[PDB]
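As structure tokens, one chain now follows by itself in the form solved without the named molecule.
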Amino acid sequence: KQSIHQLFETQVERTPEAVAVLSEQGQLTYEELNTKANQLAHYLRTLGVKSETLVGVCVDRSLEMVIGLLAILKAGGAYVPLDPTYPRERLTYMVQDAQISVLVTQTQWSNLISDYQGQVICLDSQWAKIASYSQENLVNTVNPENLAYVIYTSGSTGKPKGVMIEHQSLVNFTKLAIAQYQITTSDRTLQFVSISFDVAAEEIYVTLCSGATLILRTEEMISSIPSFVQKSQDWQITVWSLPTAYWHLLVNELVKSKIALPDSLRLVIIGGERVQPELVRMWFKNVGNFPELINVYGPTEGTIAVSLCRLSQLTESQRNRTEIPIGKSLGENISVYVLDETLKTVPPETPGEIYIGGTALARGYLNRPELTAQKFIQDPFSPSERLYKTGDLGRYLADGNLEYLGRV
């Protein structure tokens, strides 16, 4: 029975002086991140934030962003990422759809929401007020079935829709991920993606709930591979989490040039696209098996990943096949099925639709009951449970690895 911030709080208890977050603009230890998140959370509580309250977060990547996420969680609310690089109309739509009455933002993003009548907290300008609130951990603000965040994803119907993720599926993912990646207190993880993508949660919580150090990327280091590698080297990053497309760029430029990977880097996690077997062969030819390379798969509706494959552990023959596997379930309470049109399990190598079941599942879509009933289906073979219909085709290989066959 645990929320994501309770996991974080236990870590803070273990290692209060360890560095939690580092950016170009400063750093916070575990104790400092916790106390500041607590101050903001107490404030939020006075603004009426409580379990099930949706709070928008429009912030750039920064120490402030991490404090704000944790503070919203601790207050018992669920955060809705609002990417300040998005146009006004889209952000305003998201704020109206989610009926957000509290917005955590910064002065520079002021005017980004159209005639917003709710409460605004600017983290950069208001910190003196916030420093007047209590630094102590809040208690019992949430249950595991309460929402942690609602993250918007593209609608085919022309508007995006909020995917509602509860603490329990997030905590489950985070614990499975920490064990799978072997994150320890000596790891240094680069935070790469915008929080508008659920992968950022991976980067953030896995890092902070393990006692590792979270390093926030800059805007400049992404612009060229050489700069990305050099900056990573300087920061002694041990874990990269990369969109597959950026990883493709990385392999291309590795081959084109003499660049060596940071000596500190032990793990590269990729996902989000079909991975090119040729680029993988290239990677294994030039890089070898260190750092480890892991391909991760899952929809936002499955709490950020349900399956992984360790690419560095594949035999040459498994690499020379026509598709790089998306592998096996992240854990036992997460089920990844290939099913027929009757929702029946199928024999190996038989193609079918991928459906996800068990603890990974989102609550559903926010304010889209038709789409939710369409996508999240009661399991006829397990009445008390649901399956999420991915729209992904796949098949399980004889060796047990799942293979992605594309979109249905």
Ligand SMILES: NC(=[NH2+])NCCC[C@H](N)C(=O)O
Contents of the next structure:
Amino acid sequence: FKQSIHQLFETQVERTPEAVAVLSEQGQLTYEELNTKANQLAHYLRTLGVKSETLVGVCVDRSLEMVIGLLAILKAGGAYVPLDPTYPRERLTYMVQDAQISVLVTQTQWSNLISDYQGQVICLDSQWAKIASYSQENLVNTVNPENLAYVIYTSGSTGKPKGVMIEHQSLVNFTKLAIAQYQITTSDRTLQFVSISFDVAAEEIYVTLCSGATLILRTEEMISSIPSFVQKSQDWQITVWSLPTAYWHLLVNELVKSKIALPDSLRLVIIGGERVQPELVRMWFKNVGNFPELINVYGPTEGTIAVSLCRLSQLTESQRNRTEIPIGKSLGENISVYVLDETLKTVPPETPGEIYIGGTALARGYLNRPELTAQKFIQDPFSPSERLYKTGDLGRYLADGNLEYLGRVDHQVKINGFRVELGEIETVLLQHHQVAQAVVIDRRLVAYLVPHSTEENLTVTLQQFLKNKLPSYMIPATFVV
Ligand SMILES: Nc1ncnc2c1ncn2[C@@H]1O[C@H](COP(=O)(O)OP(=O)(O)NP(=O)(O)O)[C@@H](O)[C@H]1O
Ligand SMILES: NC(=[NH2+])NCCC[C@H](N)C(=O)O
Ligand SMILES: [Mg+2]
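We have the form solved without the named molecule; now please give the form deposited with the named molecule bound.
Below is the entire complex, every chain and molecule, led by the chain shown above.
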């Protein structure tokens, strides 16, 4: 039963061609229309040399175009590499060079964003008349399941981000499991929330589109305030929210502080990305109750989005009166979530250890980082045909079988909900001429540094320096000497 993610999508299109697939504040596309437009772009991409294992950069804003673009790259047999337009030129250029990207799917408003680029560029906004001349038919046979679907960059502690290579087979497995876990149906309306620079965007997009639900693309404005976010979700009649945990934390505090009613259409809230606060979980159950359903979802990018989940609304009082809220149990049978000792042996229940992931969830590895790949994706000594991914997350299984997240072994953290290696920022700061040694810590980022010379506006100088290298959320608010 061999299948690619776009094939899963294609099966759905055939089932329900006239359903609305994607909605934005600007327009909408039916399943048929999304499929035919992605086919037209895909056919064009094939004529540009895009084929299986070809990496295609995607530098688009959240729009109907974004979705067409992702699906087209997939259908052409390529793997997309998200290139976040809010990142600085130098970071984007690095990714393009590192990934050897020679096709860039973008829009005219982003065209000056690569330190400039010798490959083929397609601007979806200005060249649609050309693209509309290509075939609307599904392409046949362009990938195997072991072929890449996307390469997504994450923070690197040695000083540069690195790409996590995700094959179709792991993504398809994820998507099918999540669809059944969440009970997504053709009646659902899912809010597309996170940037495609984070793999949770793939959950939101593919779970929705491969089940026949409607994907609703959010605006920048709707998240600036919780009342706006809630009211717009009520206007859209949203049934599924997928929220970074830190944003859900904001939401809960504002719910109680105000008398804001949740949308009446909302049936499920999926959270993840960092440790949920038991107090806010208790505050949620007191003020909201058990509907909408609340699920805590865990996993790293390297395990294809998520590997564990816990239905918080199904926890007993006692399970929620604990000091950690569980991250739960494996998303499915072909995914193993282990707590292991230093020799990779399982431990008795309630014994803490490090979380390692096995089975269908695994990334192929890190793009062009053989040392890091060998370090993190380990051959299973007790099952040599298989690999384990070392998560760097500590945890323990409770007697009831639920996994608890216990923290990190290292200096990876989450800032604004985004994965940050403190070593990335620290490594980058050492490159400045007037920094001698440097250390960056949470908690919020504060930089600890001894300069070569003390200049008295060194805050703004190191800030402006990092501004052009690192995403904003990697820039400390304050510095210390
Ligand atoms: N439900 C959860 N509870 C606690 N921690 C979580 C949960 N979900 C994810 N995490 C943490 O987030 C890590 C995985 O981050 P990941 O999803 O790989 O990065 P990201 O947020 O997409 N940003 P990046 O990968 O740098 O672009 C895990 O290893 C945990 O430390
Ligand atoms: N809504 C979700 N399914 N979120 C997934 C949570 C796990 C994911 N690794 C993260 O860091 O966010
Ligand atoms: Mg993830």
